[PDB]
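Visitor: Please build the complete structure, drawing on both the sequences and the hints.
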Amino acid sequence: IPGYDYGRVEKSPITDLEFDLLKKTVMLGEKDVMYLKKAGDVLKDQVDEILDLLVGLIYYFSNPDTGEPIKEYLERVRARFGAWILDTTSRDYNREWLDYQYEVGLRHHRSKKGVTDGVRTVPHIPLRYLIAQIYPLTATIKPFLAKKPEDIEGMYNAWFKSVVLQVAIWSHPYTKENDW
Amino acid sequence: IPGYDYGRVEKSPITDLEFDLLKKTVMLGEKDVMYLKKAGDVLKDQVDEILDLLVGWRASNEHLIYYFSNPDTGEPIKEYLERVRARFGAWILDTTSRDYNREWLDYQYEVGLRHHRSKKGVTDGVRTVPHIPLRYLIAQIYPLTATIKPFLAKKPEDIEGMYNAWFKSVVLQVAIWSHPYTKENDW
Amino acid sequence: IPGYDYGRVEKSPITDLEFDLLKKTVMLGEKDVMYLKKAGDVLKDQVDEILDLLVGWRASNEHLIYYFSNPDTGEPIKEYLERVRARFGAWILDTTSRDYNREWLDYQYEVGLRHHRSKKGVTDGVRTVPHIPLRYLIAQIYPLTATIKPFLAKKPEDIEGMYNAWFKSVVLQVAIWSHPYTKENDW
Amino acid sequence: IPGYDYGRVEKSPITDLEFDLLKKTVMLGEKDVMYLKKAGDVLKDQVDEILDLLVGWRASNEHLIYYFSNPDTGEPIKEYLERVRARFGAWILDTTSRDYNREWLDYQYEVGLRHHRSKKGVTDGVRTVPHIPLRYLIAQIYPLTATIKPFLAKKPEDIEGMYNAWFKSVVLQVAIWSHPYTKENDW
Ligand code: HEM
Ligand code: HEM
Ligand code: HEM
Ligand code: HEM
Ligand SMILES: [Fe+3]
Ligand SMILES: [Fe+3]
Ligand SMILES: [Fe+3]
Ligand SMILES: [Fe+3]
Numbered sequence: 006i007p008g009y010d011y012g013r014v015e016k017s018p019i020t021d022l023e024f025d026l027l028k029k030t031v032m033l034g035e036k037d038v039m040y041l042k043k044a045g046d047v048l049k050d051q052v053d054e055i056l057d058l059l060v061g069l070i071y072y073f074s075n076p077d078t079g080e081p082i083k084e085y086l087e088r089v090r091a092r093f094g095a096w097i098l099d100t101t102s103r104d105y106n107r108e109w110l111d112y113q114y115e116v117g118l119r120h121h122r123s124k125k126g127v128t129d130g131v132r133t134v135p136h137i138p139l140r141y142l143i144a145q146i147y148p149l150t151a152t153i154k155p156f157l158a159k160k164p165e166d167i168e169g170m171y172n173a174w175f176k177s178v179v180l181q182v183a184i185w186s187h188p189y190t191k192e193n194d195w
Numbered sequence: 006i007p008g009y010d011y012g013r014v015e016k017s018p019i020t021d022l023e024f025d026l027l028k029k030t031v032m033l034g035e036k037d038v039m040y041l042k043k044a045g046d047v048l049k050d051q052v053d054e055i056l057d058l059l060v061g062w063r064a065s066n067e068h069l070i071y072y073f074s075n076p077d078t079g080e081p082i083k084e085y086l087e088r089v090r091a092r093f094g095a096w097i098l099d100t101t102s103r104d105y106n107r108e109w110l111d112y113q114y115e116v117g118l119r120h121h122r123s124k125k126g127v128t129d130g131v132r133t134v135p136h137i138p139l140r141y142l143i144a145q146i147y148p149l150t151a152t153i154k155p156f157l158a159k160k164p165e166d167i168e169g170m171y172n173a174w175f176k177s178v179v180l181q182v183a184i185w186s187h188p189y190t191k192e193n194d195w
Numbered sequence: 006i007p008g009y010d011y012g013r014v015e016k017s018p019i020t021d022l023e024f025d026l027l028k029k030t031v032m033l034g035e036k037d038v039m040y041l042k043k044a045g046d047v048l049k050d051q052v053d054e055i056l057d058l059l060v061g062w063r064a065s066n067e068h069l070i071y072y073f074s075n076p077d078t079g080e081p082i083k084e085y086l087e088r089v090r091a092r093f094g095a096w097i098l099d100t101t102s103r104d105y106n107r108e109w110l111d112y113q114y115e116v117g118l119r120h121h122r123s124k125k126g127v128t129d130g131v132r133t134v135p136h137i138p139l140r141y142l143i144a145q146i147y148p149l150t151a152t153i154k155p156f157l158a159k160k164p165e166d167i168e169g170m171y172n173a174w175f176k177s178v179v180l181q182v183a184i185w186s187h188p189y190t191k192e193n194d195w
Numbered sequence: 006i007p008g009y010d011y012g013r014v015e016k017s018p019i020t021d022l023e024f025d026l027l028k029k030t031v032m033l034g035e036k037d038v039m040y041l042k043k044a045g046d047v048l049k050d051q052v053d054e055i056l057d058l059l060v061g062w063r064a065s066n067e068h069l070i071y072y073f074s075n076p077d078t079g080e081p082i083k084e085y086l087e088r089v090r091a092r093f094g095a096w097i098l099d100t101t102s103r104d105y106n107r108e109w110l111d112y113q114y115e116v117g118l119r120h121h122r123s124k125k126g127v128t129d130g131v132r133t134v135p136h137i138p139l140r141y142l143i144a145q146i147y148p149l150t151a152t153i154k155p156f157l158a159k160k164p165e166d167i168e169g170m171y172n173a174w175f176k177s178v179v180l181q182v183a184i185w186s187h188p189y190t191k192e193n194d195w
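Residue numbers (the deposited numbering), protein chains in the order written: chain D, 6 to 61, 69 to 160, 164 to 195; chain A, 6 to 160, 164 to 195; chain B, 6 to 160, 164 to 195; chain C, 6 to 160, 164 to 195.
The hints are simulated quantities; they were obtained by calculation from the structure and are not laboratory data.
A portion of the hints provided could be inaccurate.
[As the list claims (entries may be wrong)] Pair by pair, the computed Cβ-Cβ distance ranges are:
| # | chain 1 | residue 1 | chain 2 | residue 2 | range |
| --- | --- | --- | --- | --- | --- |
| 1 | B | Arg-132 | A | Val-38 | 47 to 53 Å |
| 2 | C | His-68 | D | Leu-56 | 26 to 32 Å |
| 3 | B | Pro-164 | A | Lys-29 | 41 to 47 Å |
| 4 | C | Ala-64 | B | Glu-192 | 22 to 28 Å |
| 5 | B | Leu-22 | D | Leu-59 | 48 to 54 Å |
| 6 | C | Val-14 | B | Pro-164 | 45 to 51 Å |
From the three backbone atoms N, C-alpha and C, an ideal C-beta is built for every residue, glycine too.
Guide: The following block contains the structure:
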């Protein structure tokens with residue numbers, strides 16, 4: 006998967022304790038981790054159905077000067093998104109994970125958006141939209157989790176925690192130097 | 006100066022007596038303190054010349070530009086070099102002009118952490134080489150001591169007193185820095 | 006000289022390139038090597054005077070006599086001081102006259118181990134303070150560099169070249185020594 | 006596992022086609038790959054039993070304890086044996102379960118370097134026999150292939169397929185390892 010760089014990115018400038026504390030704040034414990042892995046079992050063969058709901069805000073996949081969406085941008089991102097679905101549910105949330113989530117935040121940010129796919133695109137995804145997205149990208153997943164309640168709630172709250180945690184990480188390049 | 010946190014950092018886990026003893030081991034007495042202050046007078050307007058020798062985007066960075074680089078591409082990070090250089094310029098005057106008290110100790114410890122995987126890159130939010138090996142921190146004692154001497158002389165006992173004081177300080181600092189690098193009980 | 010094992014020790018777990026790079030970092034070039042050899046000429050007959058300043062049961066030892074002492078009584082161990090002093094006298098000339106090759110590196114590593122809890126006291130079969138904290142090894146860089154300079158001058165560019173070479177060597181050595189003191193991946 | 010660096014080592018200077026051709030020569034095809042994975046299932050919970058046959062402070066020893074020893078005293082280094090044994094336990098499962106891709110190749114090369122004077126002893130910071138002669142690396146192919154077979158059988165075509173796959177892998181690995189041992193153009 007072109008651009009998919011999980012495990013092959015630089016060290017994010019977020020300490021391991023800050024990360025620990027962030028997971029503590031979203032309440033992502035050992036129960037979540039197992040809920041996440043279970044969800045990975047459940048989402049597993051539903052990824053293309055999930056993708057068809059989400060990717061493949070079209071504006072942010074577009075050329076800004078013409079407003080035309082960039083097929084290959086949509087294509088390549090969708091594949092990395094499909095993998096992120098399973099990275100979210102199945103990776104251990106360790107430094108390697110943290111470092112990729114940071115990368116992914118940079119790729120929404122003017123710092124690296126468009127660079128991974130060599131496209132000429134909308135340079136930057138405003139933070140306000142990254143945070144708003146927390147809701148649709150959390151709630152979209154739940155029917156998927158249920159297609160195969165406590166179970167479903169545990170998986171679904173774990174997904175929720177992860178999406179929040181990720182966006183919390185992503186905010187760091189968007190935030191004023193000392194405000195994150 | 007972004008990141009420059011002198012006087013605003015947590016307490017280093019080195020006691021005041023350990024610090025006292027460290028200063029006695031490098032032989033940093035009242036004479037040094039005054040030599041240091043005089044050096045502060047002398048270095049004062051030479052800081053950019055000093056910086057151009059040591060750090061910055063367009064400065065001689067021999068073999069250790071890598072540690073200002075992105076590790077995966079090896080490309081130096083301009084702003085990292087920029088922001089560090091400014092804090093380094095201030096450190097030149099912190100070294101010569103601060104009283105070497107708990108506040109100083111606490112900053113030197115911070116500075117050691119910022120070379121260490123504990124906090125390197127965090128202050129400037131950069132994605133960089135995570136860690137500066139201790140071996141290089143100690144080796145650096147020589148170039149960062151000897152580089153300063155022509156500066157001290159540009160405007164002998166005097167110069168030697170200033171220069172030995174600088175030497176003691178650089179050593180003392182690196183001695184402090186080693187603490188996060190050392191095995192739990194070996195420091 | 007009992008315990009003096011130059012050229013007779015195991016291979017240090019530091020690569021030849023790491024060593025090369027370390028010498029590059031302290032800036033120890035061909036000029037230094039010759040400065041060192043000249044210093045060997047100059048220090049040559051001053052070794053006992055040097056020793057009386059630094060080590061020996063009847064020396065001007067500082068509070069670091071403790072590290073030559075029995076820890077439970079605090080009594081200095083004459084023979085420990087005696088035997089170490091002799092090896093130190095030889096180290097003075099090893100520093101100035103040996104080629105800084107793998108054989109040298111391997112001895113400097115040994116010497117660092119002998120300050121470390123790994124082998125301190127073993128060479129002289131003494132029951133002594135088990136370990137010399139790294140902080141003190143690094144602080145020592147200053148007194149063991151600066152002590153030598155009057156010696157170099159007793160017989164300026166010359167003296168500075170010899171003296172900076174000695175400085176580089178002391179730093180380089182302590183940089184090597186730090187390896188057994190450092191956390192597995194921090195050196 | 007300290008030192009265990011699978012997936013974290015530099016690029017081996019062996020091309021992807023040379024590697025492809027090497028796998029072709031040992032006849033390691035898709036059948037082997039699956040045999041290997043099946044062996045991973047089977048060896049799985051037998052690793053400590055395998056280890057006790059091959060490596061460790063108190064493992065049935067050949068006359069190659071020497072290579073885990075201090076060369077000057079001939080004393081085996083417990084922690085060296087300990088740390089290597091753990092990485093060996095992982096190698097058992099790396100051999101059976103990793104895809105034999107560039108990442109794998111790069112680790113096998115690393116592992117060959119760690120037998121070679123290039124890096125032996127460096128990973129565990131030990132002072133040890135500097136180098137494992139190539140002749141012994143190749144001879145080892147037999148015991149490290151044949152030792153595994155009872156393990157594979159404890160749970164024939166199956167067993168032969170797993171066992172020949174293991175054989176191919178051990179050979180392939182040693183073939184890779186030979187590169188740092190070989191004269192510049194002879195590999
Ligand atoms: C309005 C909000 C969002 C917009 C407009 C948006 C748009 C985009 C765009 C344009 C890319 C490709 C960026 C590039 O690499 O150049 C991307 C990548 C990606 N986005 Fe979003 N995104 C939003 C929110 C989110 C959220 C909340 C998540 C998940 C927590 C997310 C997950 C991903 C993933 C997983 C990738 C691919 C990451 C990779 O490169 O592996 N996005 N998104
Ligand atoms: C005697 C040895 C050294 C001295 C006195 C020294 C001095 C300094 C100072 C004063 C700073 C900024 C402190 C602050 O942020 O408040 C700094 C940061 C830094 N120096 Fe050094 N330095 C030494 C060794 C080294 C070495 C060996 C390297 C290798 C490249 C290095 C590279 C860096 C880097 C990358 C930073 C930024 C660290 C960070 O991410 O915060 N320095 N140094
Ligand atoms: C506070 C720091 C130090 C103290 C307290 C100290 C004390 C000692 C002691 C007790 C020994 C013998 C240890 C043993 O083998 O059991 C020793 C050995 C020695 N030390 Fe130090 N030392 C210090 C730092 C240094 C430094 C910085 C140098 C030179 C760079 C140095 C040079 C030597 C030499 C040459 C020997 C004998 C090495 C040999 O056995 O051949 N020491 N020192
Ligand atoms: C006479 C031949 C051999 C001897 C004496 C020997 C001994 C050793 C020694 C001393 C080490 C640690 C080296 C270091 O310092 O890094 C080691 C590591 C290792 N050996 Fe061997 N070895 C031999 C051949 C082989 C063979 C044929 C294999 C299997 C293909 C093998 C598998 C391993 C593994 C997997 C490790 C650890 C790799 C790692 O660090 O991840 N060795 N062996
Ligand atoms: Fe930050
Ligand atoms: Fe401590
Ligand atoms: Fe090491
Ligand atoms: Fe070759």
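Visitor: Please go over all the hints and tell whether each is borne out by the structure.
Guide: Outcome of the hint check:
1. At roughly 40 Å, the beta carbons of B:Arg-132 and A:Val-38 sit outside the given window of 47 to 53 Å.
2. Distance hint for C:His-68 and D:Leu-56: a CB-CB separation of about 60 Å, inconsistent with the stated range 26 to 32 Å.
3. For the pair B:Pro-164 and A:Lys-29, the supplied restraint of 41 to 47 Å is violated, since their beta-carbon distance comes to about 30 Å.
4. The hinted window of 22 to 28 Å between C:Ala-64 and B:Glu-192 holds, with their beta carbons roughly 24 Å apart.
5. Against the hinted window of 48 to 54 Å, the Cβ-Cβ separation of B:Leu-22 and D:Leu-59 comes to about 50 Å, which satisfies the hint.
6. A hinted range of 45 to 51 Å for the beta carbons of C:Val-14 and B:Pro-164 is consistent with their spacing of about 49 Å.
Hints 1, 2 and 3 from the earlier list are contradicted by this structure; the remaining hints agree with it.
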